[PDB]
Amino acid sequence: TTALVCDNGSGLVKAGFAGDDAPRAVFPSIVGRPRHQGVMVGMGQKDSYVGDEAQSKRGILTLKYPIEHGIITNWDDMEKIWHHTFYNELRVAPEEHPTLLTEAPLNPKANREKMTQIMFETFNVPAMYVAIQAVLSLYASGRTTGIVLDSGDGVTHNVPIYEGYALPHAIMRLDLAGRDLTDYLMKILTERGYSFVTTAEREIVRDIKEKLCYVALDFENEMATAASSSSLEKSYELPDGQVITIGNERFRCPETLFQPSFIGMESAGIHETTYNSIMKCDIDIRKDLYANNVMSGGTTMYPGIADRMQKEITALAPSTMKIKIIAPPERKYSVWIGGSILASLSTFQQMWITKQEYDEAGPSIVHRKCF
Amino acid sequence: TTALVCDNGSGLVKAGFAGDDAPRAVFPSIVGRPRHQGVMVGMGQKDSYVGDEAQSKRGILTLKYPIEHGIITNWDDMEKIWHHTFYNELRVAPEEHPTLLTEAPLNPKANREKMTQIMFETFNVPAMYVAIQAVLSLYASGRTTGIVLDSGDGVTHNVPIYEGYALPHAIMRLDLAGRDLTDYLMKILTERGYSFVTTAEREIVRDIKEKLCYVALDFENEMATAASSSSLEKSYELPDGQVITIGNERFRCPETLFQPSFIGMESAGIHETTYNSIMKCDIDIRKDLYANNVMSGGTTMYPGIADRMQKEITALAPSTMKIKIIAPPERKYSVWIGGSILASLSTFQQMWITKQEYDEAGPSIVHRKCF
Amino acid sequence: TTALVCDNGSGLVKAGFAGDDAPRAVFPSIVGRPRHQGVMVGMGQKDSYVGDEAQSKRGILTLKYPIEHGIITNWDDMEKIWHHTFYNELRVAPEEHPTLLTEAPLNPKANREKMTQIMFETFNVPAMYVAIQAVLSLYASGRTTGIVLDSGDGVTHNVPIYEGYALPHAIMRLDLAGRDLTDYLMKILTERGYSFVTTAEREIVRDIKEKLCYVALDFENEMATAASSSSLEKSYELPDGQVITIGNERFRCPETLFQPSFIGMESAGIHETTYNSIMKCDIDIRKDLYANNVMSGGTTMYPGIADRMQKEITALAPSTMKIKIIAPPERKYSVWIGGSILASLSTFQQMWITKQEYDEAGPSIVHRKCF
Amino acid sequence: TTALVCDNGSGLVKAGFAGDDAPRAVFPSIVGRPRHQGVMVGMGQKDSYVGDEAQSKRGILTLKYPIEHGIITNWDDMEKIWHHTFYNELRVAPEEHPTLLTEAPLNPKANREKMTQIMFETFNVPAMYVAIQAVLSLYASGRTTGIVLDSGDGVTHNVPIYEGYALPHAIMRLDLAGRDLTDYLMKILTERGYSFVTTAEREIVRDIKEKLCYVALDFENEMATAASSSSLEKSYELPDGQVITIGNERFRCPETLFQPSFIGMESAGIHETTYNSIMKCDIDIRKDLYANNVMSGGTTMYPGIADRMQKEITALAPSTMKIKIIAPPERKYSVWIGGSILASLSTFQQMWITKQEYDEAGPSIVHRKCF
Amino acid sequence: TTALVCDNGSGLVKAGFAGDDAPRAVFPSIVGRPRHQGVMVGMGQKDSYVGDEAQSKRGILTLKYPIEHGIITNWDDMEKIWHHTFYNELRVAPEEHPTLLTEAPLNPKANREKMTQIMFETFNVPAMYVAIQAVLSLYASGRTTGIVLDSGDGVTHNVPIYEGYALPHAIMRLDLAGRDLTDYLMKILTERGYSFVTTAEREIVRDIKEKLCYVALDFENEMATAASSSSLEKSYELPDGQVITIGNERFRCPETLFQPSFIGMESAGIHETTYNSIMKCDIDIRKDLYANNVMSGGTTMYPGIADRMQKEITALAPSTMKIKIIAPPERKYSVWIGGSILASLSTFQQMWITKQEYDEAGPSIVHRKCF
Ligand SMILES: Nc1ncnc2c1ncn2[C@@H]1O[C@H](COP(=O)(O)OP(=O)(O)O)[C@@H](O)[C@H]1O
Ligand SMILES: Nc1ncnc2c1ncn2[C@@H]1O[C@H](COP(=O)(O)OP(=O)(O)O)[C@@H](O)[C@H]1O
Ligand SMILES: Nc1ncnc2c1ncn2[C@@H]1O[C@H](COP(=O)(O)OP(=O)(O)O)[C@@H](O)[C@H]1O
Ligand SMILES: Nc1ncnc2c1ncn2[C@@H]1O[C@H](COP(=O)(O)OP(=O)(O)O)[C@@H](O)[C@H]1O
Ligand SMILES: Nc1ncnc2c1ncn2[C@@H]1O[C@H](COP(=O)(O)OP(=O)(O)O)[C@@H](O)[C@H]1O
Ligand SMILES: [Mg+2]
Ligand SMILES: [Mg+2]
Ligand SMILES: [Mg+2]
Ligand SMILES: [Mg+2]
Ligand SMILES: [Mg+2]
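Protein chains in written order, with the deposited numbering: chain B, 5 to 375; chain D, 5 to 375; chain E, 5 to 375; chain C, 5 to 375; chain A, 5 to 375.
Check before you lean on any hint, since a few could be wrong.
To be verified - With a straight-line cut-off of 25 Å between C-alpha atoms, the simulated PhoX-like cross-links for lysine-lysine are: (1) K291/E / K118/C; (2) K291/B / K238/B; (3) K61/B / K284/D; (4) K359/A / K284/A; (5) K61/D / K215/D; (6) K68/B / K284/C; (7) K191/B / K215/D; (8) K284/B / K328/A; (9) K373/C / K359/C; (10) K238/B / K359/C; (11) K326/E / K284/E.
What the hints contain is simulated information worked out from the structure, not anything from laboratory work.
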């Protein structure tokens with residue numbers, strides 16, 4: 005019949021039917037209340053703005069993100085986003101089609117149980133599933149081996165997979181993603197005197213970094229060139245028509261991926277975290293993981309991120325190993341296309357968690373993995 | 005049934021029923037006592053002249069204005085003007101029809117409380133409301149976005165509105181208006197030897213500026229042309245039949261709008277005040293305000309005021325922004341037609357402050373804004 | 005070398021060199037033609053009488069005043085008065101010494117331009133200046149702060165000054181002065197049956213008020229005492245030897261200063277005009293103006309005018325403010341001594357309008373104020 | 005020898021030698037031009053008034069503040085203030101003594117580079133340093149741990165410090181300070197009809213809030229008491245001698261500290277910002293920060309601000325934590341006394357940026373932090 | 005004279021003189037560098053924190069462990085820990101007293117040679133020895149037979165001993181210890197949403213498991229009780245004052261001892277490893293080993309670990325064998341007290357490796373075992 009695949013993670017909700025080549029719905033997943041004055045409810049001024057209208061009428065709204073570090077925080081408000089996706093954006097009657105929800109690894113169980121209970125209680129979904137983003141992201145390439153390095157707006161995580169088996173003892177999760185690169189760019193742009201404070205202005209810095217930034221191949225040489233010369237400097241126009249000149253900051257923001265120290269995060273970068281998750285694995289595997297290192301999600305679409313990563317992990321692993329980094333076009337949709345394949349896969353149809361089965365067996369059903 | 009809308013501000017009282025295309029009553033709102041001799045009360049010489057009779061029999065009267073800078077000063081005398089409006093000019097029995105009164109922003113609370121208490125105590129109005137002139141002025145265009153630049157005889161003020169929301173943190177109010185341009189013209193006309201002193205003669209200079217004056221597109225070029233040549237000079241006939249020649253003064257009076265320094269007022273002009281009230285607003289809004297800059301009220305009917313304003317704000321804001329200044333015909337009635345629409349609007353009928361509700365909840369009721 | 009200072013205002017021409025303690029020339033500034041019969045010109049009967057001879061041979065002459073409300077009206081006749089001052093009274097050759105002319109504020113520009121053009125055209129003055137009487141009047145005290153309340157025969161005006169700066173937005177000018185008090189006394193003396201009609205008889209009432217009148221401290225008590233008793237009555241001898249008894253009228257004439265309604269003038273008195281010109285000024289100044297309120301000119305030499313004024317403004321201003329009214333002796337010469345100081349002041353010598361400079365730059369030169 | 009410490013921030017310049025117990029110079033740091041008329045430069049009327057003379061002769065001057073939100077805006081005019089401090093107020097020859105300048109955190113680099121370049125170029129300071137106000141403010145207590153909550157006229161900021169180490173990843177900066185509380189009081193005082201407009205009148209509201217205001221312990225109870233009763237009302241005398249009655253407004257102005265929504269600022273209050281900057285820090289630290297929460301600067305001298313703050317953060321943090329707020333007397337001088345200690349500290353003498361070192365190494369020297 | 009015994013293994017350094025009943029020094033053996041900012045070395049901020057100060061000032065430090073799996077990794081940093089132990093903690097002059105160092109079995113020879121070379125080169129120890137922890141642990145009981153099951157922070161190992169002879173062909177070593185149980189608890193506590201990431205937070209989970217955890221007698225029954233009921237749940241307070249509720253996790257962490265599969269370790273548990281090391285031994289011995297099964301070290305102090313172990317090995321070995329598990333109090337000090345006895349034993353004094361003997365015979369001396 006149909007299946008509805010939703011990348012439910014932080015930032016863009018991607019949703020729309022399986023059996024299609026691209027998402028049908030993509031919208032920022034923000035919720036906004038009128039800031040300046042209490043709502044003129046007697047005249048019917050709508051007090052909630054979710055998804056697209058919020059960004060369209062950004063300046064008057066307290067834009068809240070209801071998913072923070074991949075953990076759903078506001079349950080009253082996340083349900084408004086699902087409400088909007090099914091009834092307004094897709095215009096699909098949700099009681100009729102199964103829904104494949106997706107999650108980060110190593111989340112609190114309570115978040116999966118609430119997310120399930122709502123879908124069975126208020127939307128009355130007929131059948132449902134919660135998958136892990138890094139596994140779906142692999143089907144999108146057609147491969148059955150690789151270390152899926154998945155970035156995002158909220159959570160970065162690695163899931164090595166081999167011969168279709170999933171290794172659950174070497175999943176890694178960082179808390180480093182586009183929201184932390186945005187909160188860093190908002191701090192390094194004040195060195196030029198541009199000062200963004202409110203959430204609406206954050207939704208402008210979240211657009212600067214999308215276009216202007218690029219990953220410096222060698223960070224310590226570009227910190228020379230950006231000091232001696234101004235061919236690196238580039239200019240961008242704000243909504244009001246004022247022009248920014250962004251210069252040096254243009255490549256320091258993605259650098260924090262590789263140096264989490266910059267943001268105060270005591271961690272390995274993403275290059276040391278892929279390498280650690282490989283070294284943790286058995287010695288027999290590693291020559292196959294090095295050859296199949298797949299990337300997905302935004303904050304892995306900066307120009308040249310692959311060409312740096314491959315050099316930077318090459319500097320760690322032995323020189324007898326060829327290292328190829330599979331960064332296909334449309335990484336932004338990798339997880340959704342993985343859902344659009346896996347939901348149409350003829351073997352999968354036994355894994356759906358039928359509403360009846362949850363109603364009788366109780367919420368612990370959701371943690372089963374008879375995959 | 006009906007609603008009575010009154011522009012109660014300084015200068016012309018505009019009044020007459022909602023559901024009509026134009027005011028039914030327009031009269032100068034002056035009060036006058038016989039000056040020269042104490043009134044022959046035993047013979048019944050009427051000692052008060054309000055509205056039209058005062059201007060008709062101007063020369064013998066001490067014309068007082070009971071509203072000064074939008075603040076009602078004489079409570080004994082303002083009530084004579086409402087008395088005259090309801091009983092003599094409209095000939096409407098006021099106990100029967102709700103009345104929508106209008107106010108400047110940032111007025112003292114005490115002025116709204118007295119104005120309410122009189123309407124409920126002596127006129128016994130059945131239901132009443134006090135609105136802000138710059139919000140009503142926007143409905144008159146049908147728009148739901150724009151920076152309402154409202155001039156007048158007493159108070160100039162800006163109210164940006166967006167998507168029907170009102171931003172109350174960026175209302176600005178100046179104290180610069182037709183009464184200050186009149187008091188300036190009375191001072192620059194003495195350079196030609198015409199000297200107007202009494203209030204009756206002020207009600208002649210208040211008519212000179214209405215007809216003779218115009219806004220110079222470029223002030224510093226016209227101060228050349230008016231020096232080298234006399235095509236700029238123009239002539240006007242007084243009530244007694246003597247002819248004035250007004251020359252250079254003809255365009256210096258509206259110039260004080262843009263240069264409040266001229267009148268001793270330490271302020272931005274109206275071009276810097278619209279621009280400041282825009283810059284104060286959030287960056288996301290500003291491209292929409294620049295496109296919807298609405299004007300209202302007299303002292304915004306001088307020929308070419310729009311065509312200067314648009315150049316003068318264009319000189320401030322970025323050159324990527326189109327700036328359109330919406331100065332419709334009948335700016336003089338914009339606020340009244342806004343009242344004639346808003347009072348007939350089907351959603352508004354819950355906002356009336358019923359007499360019973362004020363009688364029980366006490367005068368603090370008038371500051372509520374469940375709009 | 006020298007400078008010639010002239011109080012050119014209405015009534016007494018005061019003239020004579022700077023660097024002296026008192027005017028050298030003081031004379032009534034009247035012009036007179038033989039009234040009764042056309043002049044016996046073939047026998048050489050002199051048809052013009054200016055200054056002192058006119059008053060000396062008053063009774064046969066149509067005494068005209070060539071300055072009316074501080075505006076020069078007869079240009080053919082005012083030039084006779086300057087002619088007489090330089091050649092006959094001072095006996096000074098005017099081509100040789102600079103002349104500091106003085107003016108009322110808010111005069112028509114044309115009056116300053118004609119007054120300049122004559123001095124450069126017919127007298128061929130080498131260098132010249134036109135100052136404002138109320139500024140000069142302040143130097144006479146040595147102060148650099150105060151509200152200069154300047155009376156006169158023609159024009160009353162206020163000029164607040166502070167720290168040597170002049171505030172040009174709070175100059176006030178009334179049209180109320182000794183000529184209007186004379187024309188009022190000529191009307192209230194007919195209540196006793198004395199009737200003065202001709203201009204010569206006006207030059208007698210202008211001498212009655214100088215001696216007999218005084219300012220009543222409390223007007224409404226003296227209108228009692230003058231009704232119940234006759235210690236207030238006083239007697240004066242006319243030129244022919246007839247005795248007047250002036251009684252009640254003795255203090256009603258200066259009262260019109262404080263109540264311009266009496267003369268049909270719709271105005272604040274001088275006590276409300278000083279107070280209005282203070283209230284107009286910035287709040288930071290006012291405690292300094294109240295302490296430095298200077299008086300000058302005749303019609304401010306009536307006995308007790310200061311002691312009333314100080315009570316009458318004390319009744320307006322707040323009771324925390326000390327109010328001191330600086331009425332020095334020789335108020336009549338205050339403006340002239342101010343000229344005799346300012347013309348000898350070493351900084352001033354750059355402000356002279358050299359004849360060459362007017363000849364080349366044209367009559368608009370006279371309005372410059374690089375003071 | 006000596007060291008000159010200057011709190012260069014917005015509002016009061018505090019300056020005077022290290023090794024003393026209190027500033028030797030304290031003056032408002034305003035610059036003023038004569039407003040009403042263009043300066044009589046040929047007579048030598050001084051056209052600039054900085055520091056004390058400006059406030060002394062307030063009413064005639066366009067008081068500009070050359071530091072706005074801690075960012076120096078007018079470079080031509082700020083240099084007049086340093087000129088006045090060194091040559092006129094301290095009468096110290098600046099080529100001879102090192103100067104410790106102080107700054108807000110997160111300022112634009114360009115502001116530090118200009119501020120340095122001027123001190124080395126025009127004053128020719130022999131050696132100089134730019135420190136951060138919140139670090140110096142801690143030495144003033146003698147502590148080596150605490151969350152320095154520093155308010156001011158321009159910028160509020162938090163700097164947690166622990167064991168003498170500075171954590172640079174949890175500095176927070178708001179744009180909320182005495183200038184915004186003044187601009188709010190000027191808006192809420194119009195509810196009583198007092199209307200202050202010009203900058204001179206702002207320098208009176210900036211004195212009202214200093215004396216009359218106090219922080220309400222419980223805002224929502226005092227909004228009851230101020231409604232039912234008038235023991236809360238208090239009265240104050242203006243320079244002219246008129247008395248204000250300030251009532252309800254008396255405690256709503258400091259409330260905006262805790263509720264930035266009131267001023268249109270979308271932010272946490274200062275109570276949520278200290279708590280956020282603590283929660284951001286590592287879990288091991290927090291019990292030590294709660295015990296050492298230091299306050300400094302004006303707008304942290306309102307009566308009872310500490311006793312509210314301690315309750316309001318106690319409502320957030322866990323109840324097992326004792327919270328002590330160290331608000332010593334002379335918070336106004338905390339930063340200056342910190343400079344007077346740190347500039348005399350024997351270890352510091354290697355951190356001075358010698359003029360030679362800047363001349364050779366170039367302006368990037370100023371961002372080094374070999375602290 | 006004296007002898008200095010040091011448990012040099014991972015986690016707590018235990019040190020202090022032989023001939024005493026308990027260690028004199030016990031401290032975490034961590035090394036820490038300031039994380040957040042490069043050290044202010046010119047001011048003398050100490051850049052190294054070892055032992056107790058590191059844990060005391062935990063939150064600002066990158067806590068590194070210099071011993072990893074019983075192998076010394078950082079030679080520059082381990083020497084700082086010996087430096088601190090001898091000079092600061094014991095305050096003993098090390099050139100004067102022999103030192104008995106202790107080691108895991110089956111270590112790389114290079115680790116013993118470096119450890120020896122440092123003690124003879126930089127500390128200049130007069131005489132020294134490296135013993136094996138599991139042999140010393142037996143003397144602590146006074147027994148001369150038993151299978152010493154020694155746990156720790158780094159290495160678990162078995163050494164069967166019989167009649168004082170050591171069997172070197174049945175030493176077993178696992179890589180499973182308190183550091184792996186900590187890294188597992190940090191992963192299972194995220195199921196409740198508590199997420200510990202940094203090393204400082206690891207030093208809090210390393211304290212949770214010390215107090216809250218206990219060994220479930222029957223794991224599969226307690227996984228029932230913890231599902232049906234909440235008497236098992238227990239609560240603990242963090243340093244900041246926030247309370248954890250730990251529940252189910254409380255007994256799954258020590259379970260990984262018995263099921264190394266849980267941590268991804270392909271191994272027998274400790275119950276199968278004691279049993280394998282017994283079965284490997286000759287049939288004549290085994291009835292004596294079963295009766296003398298001694299435990300030592302932390303991660304063998306969890307409540308009830310003995311009472312489970314004895315049941316779980318009883319399930320393997322024949323039912324004719326009595327099995328007694330000798331878990332005395334103060335297992336944490338067993339190895340140190342074994343050193344404090346063996347170093348005072350009169351026969352041992354010939355086994356010291358004199359400095360002279362190493363200087364002449366070369367580093368291969370350290371592997372001799374003329375025991
Ligand atoms: N073309 C791009 N270049 C750089 N960054 C991008 C680009 N597109 C999106 N991003 C950023 O990547 C982040 C995550 O996007 P996305 O992968 O859609 O999140 P999720 O996968 O959780 O929906 C967002 O901050 C987004 O702005
Ligand atoms: N056609 C005109 N041209 C110029 N000025 C005008 C014109 N009509 C009115 N004005 C002046 O505008 C001022 C305000 O008029 P109005 O807008 O009616 O005041 P309000 O809106 O407060 O009633 C008055 O001084 C009036 O004389
Ligand atoms: N002693 C006096 N008492 C009252 N009024 C006087 C006295 N002297 C002069 N006046 C009147 O004051 C008027 C103005 O005189 P004056 O100040 O000389 O005029 P101006 O200053 O314009 O020359 C004249 O009417 C004069 O008669
Ligand atoms: N006693 C006081 N009570 C309340 N506010 C004060 C007091 N003294 C000063 N202020 C206000 O605090 C603000 C900042 O003062 P200050 O701390 O000197 O600024 P800075 O530290 O930047 O020099 C000013 O607006 C000042 O008026
Ligand atoms: N009372 C206890 N209960 C449970 N575990 C403990 C206890 N005390 C210590 N541990 C843990 O045992 C581990 C090893 O401690 P220890 O035996 O001192 O190591 P070593 O013997 O190598 O010095 C450490 O992780 C320690 O936290
Ligand atoms: Mg994603
Ligand atoms: Mg109007
Ligand atoms: Mg005079
Ligand atoms: Mg400060
Ligand atoms: Mg041990």
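To see whether the hints hold, each was checked on the structure:
For the given pair, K291/E sits about 42 Å from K118/C by alpha-carbon distance, which is inconsistent with the 25 Å threshold. For the suggested pair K291/B and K238/B, the alpha carbons sit about 41 Å apart, so the restraint of at most 25 Å is broken. For a cut-off of 25 Å, the pair hint linking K61/B to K284/D stands: about 17 Å separates their Cα positions. As the CA atoms of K359/A and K284/A are separated by approximately 39 Å, the hinted pair breaks the 25 Å bound.
About 22 Å separates the Cα atoms of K61/D and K215/D, which keeps this hinted pair within 25 Å; it holds. At roughly 19 Å between alpha-carbon atoms, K68/B and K284/C fall within 25 Å of each other, so this suggested pair holds. Between the alpha carbons of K191/B and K215/D the distance comes to roughly 57 Å, so the proposed pair goes past 25 Å and is violated. Between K284/B and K328/A, the direct Cα distance comes to roughly 38 Å. Violation of the 25 Å bound is thereby established for this hinted pair.
The hinted pair formed by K373/C and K359/C meets the criterion: a straight-line CA distance of about 17 Å does not exceed 25 Å. Between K238/B and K359/C the alpha-carbon distance is near 34 Å, which puts this suggested pair outside the 25 Å criterion. Of the pairs offered as hints, the one joining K326/E and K284/E holds, with about 19 Å between alpha carbons and a cut-off of 25 Å not exceeded.
This entry does not satisfy hints 1, 2, 4, 7, 8, 10, going by the numbered hints stated previously.
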